[PDB]
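There are 2 protein chains.
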Amino acid sequence: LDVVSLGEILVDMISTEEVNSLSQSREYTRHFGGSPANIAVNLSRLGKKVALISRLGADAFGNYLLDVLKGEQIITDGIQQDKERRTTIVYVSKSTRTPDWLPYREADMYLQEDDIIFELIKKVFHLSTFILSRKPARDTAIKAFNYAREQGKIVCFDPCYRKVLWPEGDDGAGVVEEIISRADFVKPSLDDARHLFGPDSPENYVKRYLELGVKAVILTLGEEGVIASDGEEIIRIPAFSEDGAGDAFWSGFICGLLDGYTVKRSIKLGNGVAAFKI
Amino acid sequence: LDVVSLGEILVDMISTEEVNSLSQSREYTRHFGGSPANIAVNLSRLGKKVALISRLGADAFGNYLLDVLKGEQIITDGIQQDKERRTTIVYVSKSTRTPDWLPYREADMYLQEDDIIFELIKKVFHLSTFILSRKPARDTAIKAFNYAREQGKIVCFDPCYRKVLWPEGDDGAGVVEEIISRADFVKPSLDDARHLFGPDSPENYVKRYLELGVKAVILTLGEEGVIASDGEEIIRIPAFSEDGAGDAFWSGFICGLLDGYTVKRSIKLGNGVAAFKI
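As they're listed, the protein sequences go chains A and B.
Those letters in the first sequence? Residues 15 to 136, 139 to 259, 265 to 299, by UniProt numbering.
Those letters in the second sequence? Residues 15 to 136, 139 to 259, 265 to 299, by UniProt numbering.
There could be a bad hint or two in this list.
Copies of the same chain look alike in the list, so a pair counts if it fits in one copy or across any two.
[As the list claims (entries may be wrong)] Listed next, the in silico DSS-like pairs over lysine-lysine satisfying Cα-Cα at most 30 Å (straight line):
no., residue 1, residue 2
1, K298, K223
2, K108, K298
3, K84, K108
4, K169, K108
5, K151, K97
Hints were generated in silico from the structure; no laboratory data involved.
So here's chain A without its partners, still in its complex pose:
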């Protein structure tokens, strides 16, 4: 009824060891992951009815993922269990200067076309770029994207475009663009921006409002707040730079559907409690 999130669900194998390469990482902790999935969990914790549309294998990890999905009261009807493929897994290093991530994609990219009914019942629809990168799941994703629009739903897209995830032949950038243009809100980060628009802009990136982007776009600047704009005006949230966690922010922003005004961008901000309470 509230939000429908479509994209990848996977387990993250993280290694905090400070090494040169991931080939040097020896210790790994298994985490629940997948941005669309983290957003779902959060929205649920913020007490909203969410439905995550993903594909995971029928194995230890898939089961593990489902368990936390069920324990978080995330509606899991649109979740698909691949009877033959493995649950997607990404290996990560995590550090100020040194990630390196290795993707072992499988199930996540084999998402089928089943519950488009979930949309209508919802009313925010959120989509990620990751899910778009690979051939089979990509199609069911945009098909769902366009359906959500047809149904007059609020469409949120995260233009986290990164070429490596894409086949040598496909465009990639145009696909991400073909969608930014048809979306309501987007959350590019400076990196997500450099990757799609090159360095040609330090904040003018937001000129992507002309990138068809329509709606409005909030550009996160990591350790310096955000810059939103609906085209009529540009806003830098914390005016004081001294006064990352996009899935939390996005969740808060999405949740800003309880009230109104894209001031929800601030509400989301307070939601980025990297921090620790719980």
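On the provided structure of chain A, position chain B as indicated by the hints.
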């Protein structure tokens, strides 16, 4: 020049946590794995010229594997770097009284046909069953198997047959058998035996000498020594049960090429250095 080992090379993600399922394992340590690979490393440490024939991806793990392969002075000419597939990875528990492993095979099963020259230069050739389970690599493995025989090389096969690793249609057992019959030595374990011959035998399993097995076969009984036989006679190594690590044992046994007599089965025995003695 000494030994040519052909089979899988992969990284093992182990979790010692005592849990019911692997879906409960949260901590994983990254290890260098692959039986044919462990045998190579050992032979190398026992100071013999070995060449491991395997296929790993062109990524963190593949690189990691190579580094230890190079640091162990293992000849790596026949090693293939898959430019597109991921390095195979197996998840393991060791846990409870409820063990479990999850294979993420990729590169390892895509071994090609390149250095058959390695054999001639070698003179023991060792093969595993794992590598035979899946369709592409399986072919280059037996082709190498038959070549090694044609060249009059000593052929060592580990009949670690386990159905799950095999496609629903393929025979599996007959393939493993078709090879046991053409090999010189084999190292089945009681489990490897129960899996291929059912329980129909507690030690009579060794009747597999008639299983075409030819040469001789040493049957490891885990915590009770081994039972070898060339058909003319059956021997139980430690006569006293109170007086697992097959890759070490096998290495030792293989290394028993410095001297003679299959008494090398004893030399190998001393070679398993779990954490006891030494």
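Have a look at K298 and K223 and pick one of within, between, both or neither, based on CA distance no larger than 30 Å.
neither (33 Å within a copy, 66 Å between copies)
Have a look at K169 and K108 and pick one of within, between, both or neither, based on CA distance no larger than 30 Å.
Neither, since 35 Å and 49 Å both go past 30 Å.
Can you tell me if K108 and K298 fall within 30 Å by alpha carbon in one copy, between copies, both or neither?
Within one copy only: 22 Å inside a chain, 35 Å across chains, cut-off 30 Å.
Between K151 and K97, at a C-alpha cutoff of 30 Å, which is it: within one copy, between copies, both, or neither?
both (20 Å within a copy, 19 Å between copies)
How would you classify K84 and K108 at a CA-CA limit of 30 Å: within, between, both, or neither?
Both: 28 Å inside a copy, 27 Å across copies.
Figure legend: structure checked against the earlier numbered hints; hints not met, in rising order: 1, 4.
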